[PDB]
Amino acid sequence: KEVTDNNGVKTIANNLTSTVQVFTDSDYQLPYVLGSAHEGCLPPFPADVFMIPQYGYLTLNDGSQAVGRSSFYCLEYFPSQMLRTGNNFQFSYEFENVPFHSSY
Amino acid sequence: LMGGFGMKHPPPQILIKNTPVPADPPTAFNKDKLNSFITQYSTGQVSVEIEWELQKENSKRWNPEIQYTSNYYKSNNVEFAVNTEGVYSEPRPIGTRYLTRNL
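Protein chains in written order, with PDB author numbering: chain 6, 323 to 426; chain T, 634 to 736.
Just so you know, these hints were derived from the structure itself, not from any lab. Zero decoy hints are in this set.
Taking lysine to any residue and the SDA-like style, the derived pairs with C-alpha atoms no more than 25 Å apart in a straight line are:
id	chain 1	residue 1	chain 2	residue 2
1	T	689	6	382
2	T	707	T	728
3	T	666	T	655
4	T	689	6	350
5	T	693	6	392
6	T	693	6	397
7	T	693	6	412
This is chain T alone, in the form it adopts within the complex:
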């Protein structure tokens, strides 16, 4: 209902955890579990590539279509570009529907 492609078996969840490394155990044995651990974190890179299948426009329309454009008028910033403080901001939501087909 929100949008997208419903699937019985969507792409699976990737769960990640950094394994616990405990601090020094006491010398005398204790039944209880170890609640003292080393403060720790991890870092890396993810690559996600998707292969998409396209359906090309076959339209026999005469007059020109509507398209999505960046309006030319001058502005303090560039849309879909970084700020002066280094902040990336998307100005407006972009739908998928511009080209037309016959009903």
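This is chain 6 alone, in the form it adopts within the complex:
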């Protein structure tokens, strides 16, 4: 959707030719944020609409300065799939063997 805000009144219009680009990082070549328990999850109640959280990472530092081993990852530098309206994305994943969580 395109948004035009003029004179304080705003009109949301539909862009049929625009794309959204999505990739899964399969090789774990990016800082892994998910396991840190931050907000932004799919809502618990199926009727809610949720915002997607922003991605960002931390690297080495001395105080606020950057140490020479600090890494910078350009996310545009990965192959991704570009989707218009009428395109769909999917992938499958198999969990590696993990011991049963003991619920008892």
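Take the given structure of chain 6 and dock chain T to it, following the hints.
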């Protein structure tokens, strides 16, 4: 704790000895063992080849890595090279850790 690869069965010890050659025995038999030997030593060459397995850098990092370099500035000698008297000397210890990975 010092470093390296611990192994239950490391590469075995190679022990070497040059067999004793005794000096002339006395004519009359004696019970005692012979304590007189020929002064002797040996020489040769050893070849030791190891086959190593490597794990290549897959990094998707943007900016450049730190690497190990010889600093360019001029000096009386070359590092990791022989002296004027023929003495080989390693100037500094070289760690293994330069490339980075994500934690």
